[PDB]
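One protein chain omitted, others in place.
Residue numbering begins at 1 within each chain, and the chains themselves are lettered A, B and C in the order written.
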Amino acid sequence: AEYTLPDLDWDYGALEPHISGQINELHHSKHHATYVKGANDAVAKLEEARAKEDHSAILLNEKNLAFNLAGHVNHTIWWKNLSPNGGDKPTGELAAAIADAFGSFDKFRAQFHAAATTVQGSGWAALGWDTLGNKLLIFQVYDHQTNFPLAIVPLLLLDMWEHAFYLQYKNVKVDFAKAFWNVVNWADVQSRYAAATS
Amino acid sequence: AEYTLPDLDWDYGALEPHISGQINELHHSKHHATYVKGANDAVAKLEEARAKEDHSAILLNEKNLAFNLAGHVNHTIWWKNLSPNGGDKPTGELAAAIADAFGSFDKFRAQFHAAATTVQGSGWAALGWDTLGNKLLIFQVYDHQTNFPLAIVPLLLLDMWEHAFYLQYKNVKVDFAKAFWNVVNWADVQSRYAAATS
Amino acid sequence: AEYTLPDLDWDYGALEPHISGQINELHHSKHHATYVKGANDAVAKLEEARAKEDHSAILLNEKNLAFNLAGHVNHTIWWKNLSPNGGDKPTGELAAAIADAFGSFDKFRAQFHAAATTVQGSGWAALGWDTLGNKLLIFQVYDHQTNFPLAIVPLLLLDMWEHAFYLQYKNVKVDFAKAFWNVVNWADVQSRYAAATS
Partner (left out) sequence: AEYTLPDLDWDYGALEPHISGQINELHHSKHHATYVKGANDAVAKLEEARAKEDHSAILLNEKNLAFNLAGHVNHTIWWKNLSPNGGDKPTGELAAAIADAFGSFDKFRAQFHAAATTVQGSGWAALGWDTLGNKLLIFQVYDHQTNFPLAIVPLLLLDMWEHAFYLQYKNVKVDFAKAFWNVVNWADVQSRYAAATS
């Protein structure tokens, strides 16, 4: 069926003071909803093109599909990766997986922090699992859909688009990237990891 | 372990006359091998950065990782999607899946053909499965890693980079895009689809 | 010599209420300054590479050069295109140039408004002059350096990166794109145009 805006598992102001409730409400209710609507529209426009047998706008359609679907995919994961009862460090299989792939938790954190804070434009930092070579890798994503391979399964993501922190941290993106550690939902990341290696 | 260049399941000239053996040997033995080496190098450079605690080149490293890993992922699938005993049309669950998602096999073929022939630069046409909305979608990929969402599982891909057809078809990319139908390995696409919906 | 942060021709709060003084001070003193420093650094890193005869980081260097130099170029023009004693409509040669290239001033405004409000990520709307075909064209620029040809001379630009309006207009980018008309410095655009056609 249609793409739908997911409900949050917590109240908008539940992440304060790391992420303000004013940001969570605009981010959720305005930005995310838009990508949901844009993905729904792109799918519909592609159905119409097929019906009318006219693909003169294929480049635009495939671009709208990709951009909005990725916005949609990315924020859906973001809301799940976040929690009021979060923070701390990972435990168990993930904790071992991460120390083995990055050296240590701290070494993973510094690479993820550098990937998140050096984007030249809108982007995200992403922890994903490569099915091909069976490794945990960090990716720096441009906008929502560029700079990563096909078939990677996302585990943890950090939204580095300006709207994610501007009202609260203004231009100091590093402070925002550091506060994030406090609200990560490791239960969720652990779960995704289990699925990905299954 | 390391990324490795896969072996082909057929002789280089087994796809003639649709794809020449001269192209398959350069494509496999030179282009693909390079991406394999580049992915192996990027992984190694990221290990070194972690060791020396220096991420001043993070943007370059994450870009090399993404580009080569995607080149690697993309060609690995390409070789499997191809066969001497191929062509014809899909059968069974896939055949029904495709008619249901695109209208008909022919309607799917025209959209894939338009996506493949309208790239403005290097790119590919890709048939993938969206886990989020549980739909089969076509994506137009730029280079190897741009213009699609995270977590999509690739089913069929058509290499539209110039090196894929230049020696044989020269600038007539449409003739190459049409000959491709003759060598598609539907057994492989079917298999990927089963896995993806499992 | 070195790239330098230009001085404004007006006080930070001189554009209120269309653009808040709080935005002008962060935008100028923090964002722009950064691009100035990044361009200065890239030029220096390229000199070092030449000296040590090592271009293993050429892709990174050319990317840093391009991104920061463009950020620098773009904001430098932005500050000049803005004025407290601005707004209204163009007059003279430009006014005729624009009606001739776009139909009418209003038709130019609607295209520029659509280009500015539909970017999928960070970007700008840009009015430039094509030396090759001697025409005035509108370009939609991605980030600071993508999606336009070489040798185009920029006349008017509208900053659509989130930091340009977020604190004041939040997600309502269209209201920001509409307020801009009130502070455009047509004297400046006219001047650039004369130079470009000279």
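The definition used in the following text is that contacts are C-beta pairs under 8 Å (C-beta built on N, C-alpha and C of every residue); 3 or more make two chains touch, one makes a residue touch a chain.
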item	value
Full-complex contact with the absent chain, from C:37, C:63 or C:178	C:63
From C:91, C:147 or C:182, residue that would touch the chain that is not displayed	C:147
Interface residues of chain A (partner: the chain not displayed)	57, 59-60, 63
Chain not shown, touching residues in chain C	1-3, 39, 43, 46-47, 49-51, 53, 55, 58-59, 62-63, 65-66, 69-70, 72-74, 76, 102-103, 107, 110-111, 114-115, 118, 120, 126, 128, 130, 132-133, 135, 137-142, 144-154
Missing-partner contacts on chain B, residue numbers	26, 30-31, 63, 67, 120-122, 142-143, 161-163, 166-167, 170-171
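Methods note: only the chains that are shown with their structure count from here on.
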item	value
Separation of chain A from chain B, taking each centre as the mean of its C-alpha atoms, in whole Å	24
Separation of mean Cα positions, chain C and chain A [Å, integer]	29
Between chain B and chain C, centroid-to-centroid distance (C-alpha), Å	38
Interface hub residues of chain A, defined as touching at least two other chains	63, 120, 142
